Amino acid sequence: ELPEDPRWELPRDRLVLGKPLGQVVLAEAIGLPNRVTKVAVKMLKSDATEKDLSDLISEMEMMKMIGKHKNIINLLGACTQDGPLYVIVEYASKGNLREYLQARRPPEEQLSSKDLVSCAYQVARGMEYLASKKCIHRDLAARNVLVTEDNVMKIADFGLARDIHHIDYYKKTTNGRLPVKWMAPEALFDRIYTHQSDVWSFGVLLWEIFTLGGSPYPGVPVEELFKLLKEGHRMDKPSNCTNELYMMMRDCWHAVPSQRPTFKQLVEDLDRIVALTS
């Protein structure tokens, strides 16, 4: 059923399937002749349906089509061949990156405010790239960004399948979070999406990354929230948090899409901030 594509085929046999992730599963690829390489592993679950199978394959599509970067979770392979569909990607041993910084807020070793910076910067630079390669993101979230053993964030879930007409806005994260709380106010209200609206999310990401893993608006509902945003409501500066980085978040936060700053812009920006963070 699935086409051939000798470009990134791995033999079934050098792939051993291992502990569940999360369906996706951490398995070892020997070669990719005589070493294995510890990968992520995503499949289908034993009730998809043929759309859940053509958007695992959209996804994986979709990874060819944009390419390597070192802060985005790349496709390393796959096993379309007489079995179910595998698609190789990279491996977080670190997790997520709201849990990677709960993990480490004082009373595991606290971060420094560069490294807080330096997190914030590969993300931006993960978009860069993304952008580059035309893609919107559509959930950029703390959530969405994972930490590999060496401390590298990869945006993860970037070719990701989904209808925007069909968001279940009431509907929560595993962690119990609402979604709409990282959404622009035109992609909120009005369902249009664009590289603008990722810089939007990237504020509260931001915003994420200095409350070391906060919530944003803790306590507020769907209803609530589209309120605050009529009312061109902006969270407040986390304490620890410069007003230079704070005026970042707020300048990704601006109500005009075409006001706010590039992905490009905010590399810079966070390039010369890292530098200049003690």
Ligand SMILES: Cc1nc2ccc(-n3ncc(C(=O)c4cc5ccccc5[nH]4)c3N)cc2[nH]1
The other form holds:
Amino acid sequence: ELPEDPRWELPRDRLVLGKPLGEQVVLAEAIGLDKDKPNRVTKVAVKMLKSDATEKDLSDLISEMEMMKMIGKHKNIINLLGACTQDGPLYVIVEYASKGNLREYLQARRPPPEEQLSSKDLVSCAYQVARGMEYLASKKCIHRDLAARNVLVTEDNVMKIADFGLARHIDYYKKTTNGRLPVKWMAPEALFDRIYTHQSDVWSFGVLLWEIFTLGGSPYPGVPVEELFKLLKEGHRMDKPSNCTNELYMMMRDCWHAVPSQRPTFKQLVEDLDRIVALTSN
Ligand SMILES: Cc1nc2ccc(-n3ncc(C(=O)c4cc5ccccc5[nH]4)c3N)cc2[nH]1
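I have the form deposited without this ligand already, so could you send the form solved in complex with this ligand?
Let's see the whole complex now, leading with the same chain.
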């Protein structure tokens, strides 16, 4: 019983549903998504409700779609493409990232495609994520769960921020699909005082920087929740990755400032990474 929005509405028959992607998201083919090109197909990602869908789970999908409509377009985020709101279940149509999440993408390219990423490719990857986040921050949006698992990669190797429109009950002991604790990406003030800001997202970006330069490495391996809490209270910080400059590790450390006001902004991280990209050899 959703109202139609002709800005985004795609007839249900223009969407050829395919294989599942996300754990609910499916790969699909959209015919004539762009009005100027009606005889062309576009590979898209389709988000829809599960069988045991709650009325809150439905309201959250609507909120996510309405949020995506307002945020606007940027090259380094997953963009809204359309929606099927009439005569059936709600479908939210977004951009498809063929190469999947950043963590796997980096893991697949570790030394023994599988083609080794150069140091310029690594600094460029961080620059694109910083650019996506800078855009979201300018739109007054706080991610709250920034990590390489939530950075998706396109066929053209473009980094796009994903799952930024989430409406948030947080289980600290719950592990991800690969057995990792999300609390390892949380700023201490967000973790202990539940204070989520653009500054707490910058902290998460520091952990993401560490993920990039370890090629999908797991932060704090073998550290349980209770022991992580102790490390943070003591002011413990992760070690410099192997194959990481002192400048880029200083950047990580700045992102992890105990005082949120003293951390760099995404605007500053974009300018610094723009300069480092130009001075890094491929
Ligand atoms: C704010 C927001 N709403 C969203 C709604 C859905 C998605 N979303 N979820 C998955 C995907 C893929 O492209 C995708 C998954 C996958 C797995 C293996 C190989 C290739 C792949 N591509 C996507 N775009 C991100 C969203 N961000």
